[PDB]
Amino acid sequence: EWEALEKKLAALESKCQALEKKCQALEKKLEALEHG
Amino acid sequence: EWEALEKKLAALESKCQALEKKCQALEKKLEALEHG
Amino acid sequence: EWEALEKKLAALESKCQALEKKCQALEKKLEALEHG
Ligand SMILES: [Zn+2]
Ligand SMILES: [Zn+2]
Ligand SMILES: [Zn+2]
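Residue numbers (the working numbering), protein chains in the order written: chain A, 189 to 224; chain B, 189 to 224; chain C, 189 to 224.
Okay, chain A solo, but in the shape it has when bound:
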């Protein structure tokens, strides 16, 4: 169905946004090690 698709996409957008944050968090910890 069409609606199931809309929900899969919506959950993917969330997953993606949570991944961008995780990456920013990781980069921050990596930068701490790399400079200090």
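Warning: the hint list may mix true and false statements.
The list cannot tell twin chains apart, which means a pair is met if one copy fits it or any two copies do.
Stated by the list, open to error - Distance condition first, Cα-Cα at most 25 Å in a straight line; then the derived DSS-like pairs of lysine-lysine:
#1 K209 x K196
#2 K210 x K196
#3 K217 x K203
#4 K195 x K209
#5 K203 x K216
Please keep in mind that the hints were generated in silico from the structure rather than gathered at the bench.
Fit chains B and C with the ligands to the supplied structure of chain A, relying on the hints for placement.
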């Protein structure tokens, strides 16, 4: 077409899941450096 | 609408591709710390 969309979404869900694992793998290596 | 969906998916595919690169970039910096 509708079916092409369904396939693009399915491949995106896989890509996303592989990215969550990569991030978990990275965080693990980062935590090793950060504590030991 | 159908077209709005197509655009959301297209922007998600980009976001995902940019995340794979970020992860590769991070892993590269992490590997530098881990071996050198
Ligand atoms: Zn740096
Ligand atoms: Zn830690
Ligand atoms: Zn290594």
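Hint-by-hint comparison with the structure:
no. : hint        : verdict
1   : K209 x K196 : both (20 Å within a copy, 19 Å between copies)
2   : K210 x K196 : both (21 Å within a copy, 22 Å between copies)
3   : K217 x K203 : both (21 Å within a copy, 22 Å between copies)
4   : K195 x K209 : both (22 Å within a copy, 22 Å between copies)
5   : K203 x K216 : both (20 Å within a copy, 20 Å between copies)
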